[PDB]
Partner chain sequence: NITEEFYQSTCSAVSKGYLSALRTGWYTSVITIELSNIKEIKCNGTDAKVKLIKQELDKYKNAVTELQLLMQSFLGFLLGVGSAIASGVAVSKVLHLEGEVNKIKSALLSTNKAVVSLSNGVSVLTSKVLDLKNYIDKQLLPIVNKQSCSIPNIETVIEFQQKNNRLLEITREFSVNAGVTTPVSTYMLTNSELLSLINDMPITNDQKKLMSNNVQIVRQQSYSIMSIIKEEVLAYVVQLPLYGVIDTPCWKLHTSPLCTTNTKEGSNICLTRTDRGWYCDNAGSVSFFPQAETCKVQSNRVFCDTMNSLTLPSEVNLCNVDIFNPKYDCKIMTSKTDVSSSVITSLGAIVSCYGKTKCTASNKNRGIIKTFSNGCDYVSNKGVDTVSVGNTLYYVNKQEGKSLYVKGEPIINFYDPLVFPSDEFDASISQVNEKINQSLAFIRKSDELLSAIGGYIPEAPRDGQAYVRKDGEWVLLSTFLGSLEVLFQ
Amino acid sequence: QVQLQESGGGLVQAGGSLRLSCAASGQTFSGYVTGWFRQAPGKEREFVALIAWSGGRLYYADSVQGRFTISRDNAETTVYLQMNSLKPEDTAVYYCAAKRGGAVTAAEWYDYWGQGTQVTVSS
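Chain shown above in sequence, structure on its own - the form solved in complex with the partner chain:
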């Protein structure tokens, strides 16, 4: 079992950038699929991006690709989400999550979750 802790959220103007980080503790991320999710106020938790090992195949939700880049360091202790060209609709609490099994986008199938970091994008 891996513990996750997000950081790097905040408030930015539209068109700005942010970089979210998710640190593993207890164990490393190696052998885990790590996914980013987000939940806006009154909306269900929706998938953003996933990656399965450092430099492995990426997957992005249609709402975010070409704008967001997910990565993991070689030591497999941290997952990163670089967000550029931010828009007001990207405002949400962002969560990193980890799972055994395969690279799937369904939130219910991720076993371990961070507490989330707030991202707010203003007009």
Contents of the next structure:
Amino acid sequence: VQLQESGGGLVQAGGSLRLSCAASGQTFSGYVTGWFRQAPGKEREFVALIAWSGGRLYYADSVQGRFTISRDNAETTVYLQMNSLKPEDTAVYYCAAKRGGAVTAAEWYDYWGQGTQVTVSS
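Can you return the structure of this protein in the form deposited without the partner chain rather than the form solved in complex with the partner chain?
Here we give the lone chain, stripped of any partners or molecules.
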């Protein structure tokens, strides 16, 4: 699968963004799709994932209840709705995909998008 993110931008605190990740070559069926983010100077950290075609949804503690991950019917796009954004959410956000189990360690994901920048000003 080839992954491309979009929907990033620069917003004021309290605002929203909607990220999307598109799959090229293949559909997302049979893949775990995860979102990771890298704040400046920090390592990549898990944000959310969707697996089993929607049967399993995972959220990091810091984003639960503010972020929603989903897929479209064709399973060609994965969305990350981000509400109530805080300056702490500022990072490059990466879409990632893998066969197999739904895990939260970036090391186990084989495919990565180039990332979309998300900036939240206070």
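So that the term is clear: the rigid core is the largest set of C-alpha atoms that superpose within 1.5 Å between two forms. Positions refer to the first chain, counted from 1.
- Item | Identity of the moved residue from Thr78, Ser54, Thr69, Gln39, C-alpha shift 2 angstroms or more, core fit between these two forms | Single hit from the list, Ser54.
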